[PDB]
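This is what each chain is made of:
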Amino acid sequence: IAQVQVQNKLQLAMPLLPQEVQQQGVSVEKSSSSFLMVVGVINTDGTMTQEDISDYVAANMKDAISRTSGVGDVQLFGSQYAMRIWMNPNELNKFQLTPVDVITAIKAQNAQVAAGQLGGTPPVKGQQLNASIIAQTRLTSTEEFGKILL
Amino acid sequence: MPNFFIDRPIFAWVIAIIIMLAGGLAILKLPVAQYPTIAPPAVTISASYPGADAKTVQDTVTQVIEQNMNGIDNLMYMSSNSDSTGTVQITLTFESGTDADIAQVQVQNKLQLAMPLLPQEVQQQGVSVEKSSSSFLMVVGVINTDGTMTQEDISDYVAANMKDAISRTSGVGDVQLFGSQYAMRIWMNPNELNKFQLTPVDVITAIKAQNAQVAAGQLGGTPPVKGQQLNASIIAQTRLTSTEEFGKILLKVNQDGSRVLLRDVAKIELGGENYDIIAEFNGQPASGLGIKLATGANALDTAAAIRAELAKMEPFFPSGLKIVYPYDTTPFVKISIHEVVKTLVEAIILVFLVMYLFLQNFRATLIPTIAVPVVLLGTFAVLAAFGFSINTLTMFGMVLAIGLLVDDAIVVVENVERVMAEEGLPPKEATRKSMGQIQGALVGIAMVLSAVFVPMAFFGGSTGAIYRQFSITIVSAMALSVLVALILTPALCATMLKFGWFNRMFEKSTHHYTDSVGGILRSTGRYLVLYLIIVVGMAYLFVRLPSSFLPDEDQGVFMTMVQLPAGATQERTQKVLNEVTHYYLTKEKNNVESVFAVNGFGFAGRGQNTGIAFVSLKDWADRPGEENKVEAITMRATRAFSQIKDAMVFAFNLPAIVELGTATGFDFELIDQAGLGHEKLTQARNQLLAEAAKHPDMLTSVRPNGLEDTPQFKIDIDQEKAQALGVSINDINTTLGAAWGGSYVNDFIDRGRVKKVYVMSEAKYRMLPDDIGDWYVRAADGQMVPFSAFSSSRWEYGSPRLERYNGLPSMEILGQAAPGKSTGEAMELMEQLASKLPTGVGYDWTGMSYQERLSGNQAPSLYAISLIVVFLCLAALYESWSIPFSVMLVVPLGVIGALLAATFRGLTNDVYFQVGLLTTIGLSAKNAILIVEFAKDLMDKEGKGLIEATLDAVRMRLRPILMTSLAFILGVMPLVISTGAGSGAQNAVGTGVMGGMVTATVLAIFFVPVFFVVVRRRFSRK
Amino acid sequence: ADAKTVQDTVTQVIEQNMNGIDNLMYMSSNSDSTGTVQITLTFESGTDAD
Amino acid sequence: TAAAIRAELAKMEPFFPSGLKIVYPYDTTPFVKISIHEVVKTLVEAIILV
Amino acid sequence: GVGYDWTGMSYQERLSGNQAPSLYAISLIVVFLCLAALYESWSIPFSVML
Ligand SMILES: COc1cccc2c1C(=O)c1c(O)c3c(c(O)c1C2=O)C[C@@](O)(C(=O)CO)C[C@@H]3O[C@H]1C[C@H](N)[C@@H](O)[C@H](C)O1
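Residue numbers (the numbering used here), protein chains in the order written: chain A, 299 to 448; chain G, 1176 to 2197; chain F, 31 to 80; chain W, 490 to 539; chain L, 80 to 129.
Pulled out of the complex, with its shape left as it was, chain A reads as follows:
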C-alpha cells in the first residue's frame, strides 16, 4: 500500500507536469536507501568501451534485473545509447536553420506509422486478398538520421 496510496495522489498531478518530465516518466518506488549490492561488468579484451558497455548492460541486463522481485531499484553506472545529434551552430546559421527546424525533421523522417489494410477490415461485396499497408518506418542507424533531408 503506501507505494499505492502515494501514486493515487501523484496521478492527479501527472497532468500538470511539464510534458518533458511527463515524458521522461516520473517514478515512484519503495526500497532501502543503501544498496544491496553492486555488480561490475568490465570487459577483458578492451573489445568495447566505457560507453559500449553501458548501452549492452541497459540494452541487456538492466531489464530483468528491475523487473525481478525484491530488487526494487537498480542504479546503472552508465547510460544506455541514444540517437545523438550533437548540432553545430555556424551551420544551421549558414543554411539558415534553427534546431526547431532540425527537430521537426526528426519527428517527420524518423517515425512509425499506421496505414490500414487491403482486405479492408469491413470489406466489399466479394473479395479475396487481404493484407496490411506498411508506410513510414522508424529510422535505424547513425546513417538513416543524418541523411534526413533538412
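Hints in this document: simulated from the structure, not taken from any laboratory.
Each hint should be verified, as a subset may be incorrect.
[As the list claims (entries may be wrong)] Distance windows between CB atoms, simulated:
(1) W:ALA493 <-> A:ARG436: 13 to 23 Å
(2) G:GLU1883 <-> A:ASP353: 24 to 34 Å
(3) G:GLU1444 <-> A:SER377: 46 to 56 Å
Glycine is no exception: its CB is placed at the ideal position from the N, C-alpha and C atoms.
Knowing the structure of chain A, use the given hints to seat chains G, F, W and L with the ligand on it.
Just chains G, F, W and L with the ligand now, kept in the frame of chain A:
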C-alpha cells in the same frame, strides 16, 4: 477418554450435535463452483491502435511498455504478443498464490507512467490491465430470428440494456461483450470529396469542432455585484446525437453560396466499432455476453439469477430477442454434485446391508449410520474453516474418503460383538474393554495416516493446489473420524447394543482359513518368496502405468478449428464456418444443439484468416452411448472435416480444467538474446524444428505456435517530393491512415450514452493496391495531388504477429512427449537440440514446463518423510525399532490390486488414481496395526505365545477386514466404475480402489500374520 | 454548462464498471451542474478498506 | 533476492559479447551469509565442550 | 415502476432488526445444549430453559 465417555454418553451426543450443526451453517456458508483456483494469477495487458501492423505495434507499443513493467513484486515470467490489427496482449503470470488485487494494481499502476510515451492514438483507446481467465461461468448469446437485426443492432442492444442488468447480480464477477455498441460511423469517398478539394483531414477537423463541449459561466456564483438575483447556468455547445445532425457539417463554402456538407463527402450511419469478428449462432446474427464467477459465490445460485434476470426483461424491445445459452458450466456441476452425495448416501446403505450379514443385529447397523453422517457433516465445517468450498475436487475428495469413514465405524461396534460374544460382560465392559483394545490403535493410526496424506498438500504449482484440495479433505475427514469414533461411537453403540447357516457357515471358513495359515507359518518364510514376486511385479507396473492430470471429461460442449490459409479473408472463411455449421447441424442433429462459431478469433491470433467454432450438444440423456458422446462426436467431425479444401478445420474436446496445464505436453519458447533479428530467430526457429522431426524416437510433434511471414504491401512516402510539391507529411500520413485504417474522431451521445465516432472511407475505395490512387491530398496551394505524386508501392514479406518472452523477441513452439517416452526425458532432448543452435538464440520454458521443471518431481522426498514418520509414529504405538517394520510391508500388497487397472482397464497414473493409491494404503496398513496389536496384546499381556497369538490375532479379525472390505468394493463399483456421462474422474476415483482393495485384503489376510511373526522372531535369533 | 451531460459521460461509465469488487454493499452516486461527480462504494463491515 | 539477481545474470552469461565479465565489487550478502554461519559452528562446537 | 431501500444508519438499522430472531434462537439452543453436557441430563436443561 472413551471410558470416561461411555459413561456419560449424554454429552458425546451434544458434541455430536454441535459438529453436526456446524456443517449446516457450513453447508450453507459454502462456495460451489466447478473447480477452485488453481492457475497462477496472470495479468493480461490489452492494447489497440487502429490499423497498425506488427513492428509498428511492437515498436510503438510493447516495448517501452516492457521496458517500464519493472518493480512490481512477485512476478514469475512475462510474455506478449503484437500482431497485425492493433493488438497487444501482455500477460505476466506471477508467483504461486500472490495477491491478484495487489499484482494487477502495481502491474498497472506502473503502467500509469508508461503512458506518457505510448502514442496519442493508443492513449485514447485505453490500455486496460486485468486478470487471466478467458472462459468461465456461462455465455449467454442474443439472437434475432427475423433477419431484422444485423450483428451490431444486436450487440448494441445487449450493451444498451442488459449488459449492466446482469453484470450486477449476486455473483457476476464482471460481464464482457460479444459485440460493440453503435458507433458514429462516417465513410468517406475520395471522389465525392476530391471534387471538393477536401482531404479526410478537413473531414476530421470539422467533426472536431462541429461536435464538442465548451465551458461557460453561470450568472453569479463567482464573485457577483451588489444585490444580484440571477444565478443560472449558460449552456454552450453540445454533442451531436444523430446520423442526421452529423450529415450537416460545413466542410467547405465556395463563393456561389456553396454547401459542402459531410454526406456530400461521405455517408453517416450507425455502425459498429470493430468490424472484424462475425459472430453467429446457428447461421444467425449473434451477439453473446460472457460472464464470470464473482469470487466466493456460487456457480449454482449465480446461473439461476442470471437466467432470472434475462427472464424478467424479454418481455421487451421489439422483433425476436431470443436469448440462448450456448454454454453453461451449470449441469456439469449439479450433475456431478447430485451423483456425488448419491455415492455417500448409498455407500452407507451398504454399510447397513453389509451390517445384517456380518452381525445378526439392527441397533448396531444403526451405529455406522449415525456416525459416518456425523463425520461428513463436520468435514463440512473444516472445509469452510480453511475457506475451501464445494467443487468437483473437494467432492470426490470425501468419496475417495468414504472407505475410511465407514471402516472406522464398523471397526469399533464390531470389536464390541466380538468381546460381548466370546464369553463377555454386557454393553458396559464389553465396550470399556473392547474400545480399550482399539483405543490406542484408533489414535496412533491417526498419526501414521495423516502422515500418508498431509505430504500431498505441499506439491508444486497449479497441480499442488488440486492435491491440497484432496489432501485437506481426506485429512480433516479422516482425522475427523478418529476423534468422532473415540467419542460418539464408543458411547453410541455401547447404548442400544445387545442366515440359518451363514452364521456357523462363516464360523467355518474362518477355522478352515487359519489352518491353511498355521501351515504357512510352519514352513514360515515360504511365502515371503511368493511376496518378493508381488513386490518386484508392482515395480514393473509403476513404470508401465501411463501419466496425467485429470482425465478429460465430456462437458456437453466442444470446438471446431477453422484456419484458412495465408492471406485469407472473412467472406471466404465464413463459408468454411457454414459447413462446420452444416456438417454439424445436418450429419449430426441428434447431438448438435447449437453451433456458436466466430471468425476472427482462433486464439492462434486473429484476422479474417481464422475463426473458431464452439458447438454445444444436447443433454447427455439424449445421447445414449459411446458414439453419441464427445470424444466420439468429435471423432467423426475431425476426420469428416479433412476432405475440406485448403482450410484446416479441427474439432476437439476442451480439456479438464479449462484454465490450466493441458497436454502432458511441453511449452518451449525460443528467445532472441542479441541483434539476431526476426529473421535470424526465424532461421534458428526452423532449424531446431527440423531437427526435432528427425527424432520421432524421443517422439514428438513440435510446432511454431504462431505465424509465418506473409506478404505486406508497402507504401513508402517520398519526402523530397513531398516538400517539393507543397504537401505536409502529416497530411499524407493522415489521409492514407484514415482512408484505410480509419481513425476515431471524438465522441458523441446516443440516446443517453457516450459512444465513440469513427471516420474511415467506405470499403469500395479501399480494397486493392490499385485504389491507392483515388486518394488525393490538398497541398499548400489548393492543388489536390495524388499518391504517385510522392509515394511508391512495393510488396514485402514480414510478420503478422511477433513474439516476445520476458522483454525480448522469442518464438513459441510446443509439442508432445512420445508414445513411448516421459515429458521430462522429452524436455531434455528438446533442450539438447536447443543446445546446438546459432549463438544468440537462447531458449527457456513456460507453462506447464515451468511447473514440471521447477518443483516437478518430488514424489520421492515427500514420501521419504511419510515412510519415515509412518515408522517413528508406528514404532511408539509399539515400543520397537523393528516391530513396526511388520505393519509396513503391507504397502505393496495394496498397490498391485490398484495398478492392475493397467492390464484389466485402459487407464493411467493420474491424480484421481494416486489419491486412490493413498486411501488404499490406509485401510491396508491399519488392517496391519489392529491385527499386529491384537498380536502384540496377548504376547505383552497374557504371554499367549509366539505364534499362538498371530493365529488367534488374525483368528479374531478376519471378520472386520472382510466386513468393510465388502462394504467398499460394492461402495465403489456403482456408477463409480460403470458410467455413461458426467463421469470420467468417476471411473478414475473407483477403478483405482476397486482393484487396489481386492488385493488389499485377499493378500492381506494371509500375509500380515506372516509378516508379524516373520519379524517378531527374526528379532530374537541365534 | 452540462447537466445530464456529466452523469452520462463520466458517472455512468465509472458505474457500469463497479462490478466484481468483493464485500461491496451499495454504491451511490450523483452528477452535479458544476460537473463534479462522486461515485461512492461502501462495503460489508470489517472489510479491508485499503 | 541476491540468489535471484545472481542467478538471473548467471541466466544471461553464455551470451554477452566477446570478453565481458560480470565482476562483483561491493556486495553485502556473503558476510550476512558467513557471519550467520560463524555462529552455527559455535552451537555444534560448544555442544562438544559440554 | 418505482421503489426504495435504506442507506447508512437505516440500512444498518433494518439489517440489525431481522437479525435478533436468530440471535436469540441460536444462543438459546447453545445454552440448552451446554447444560445437557454439563448436568449429564437430557432433561435438567428443559427445566432451566423453561
Ligand atoms: C488470453 O485470453 C483469451 C484467450 C483465448 C482466446 C480468447 C481469449 C479472450 O479473452 C477472448 C475474449 O476475452 C473475448 C472474445 C474472444 O473471442 C476471446 C478469445 O477468443 C470474443 C469477443 O471479442 C466477441 O465475441 C465480440 O464480438 C468478446 C471478448 O472480448 C474481450 C477480450 C478483449 N481483448 C477485451 O479487451 C474485451 C473488453 O473483452
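(request) For G:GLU1883 and A:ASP353, compare the CB-CB distance with the range 24 to 34 Å and indicate the outcome. (result) holds, 33 Å
(request) Can you let me know if the beta-carbon spacing of G:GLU1444 and A:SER377 is within 46 to 56 Å? (result) Holds, since G:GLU1444 and A:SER377 (Cβ atoms, about 53 Å apart) stay within the stated range.
(request) Return holds or violated for the Cβ distance of W:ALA493 and A:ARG436 against the range 13 to 23 Å. (result) Given a distance of about 34 Å, which is not inside 13 to 23 Å, the answer is violated.
Taken one by one, the earlier hints fail for this structure only at number 1.
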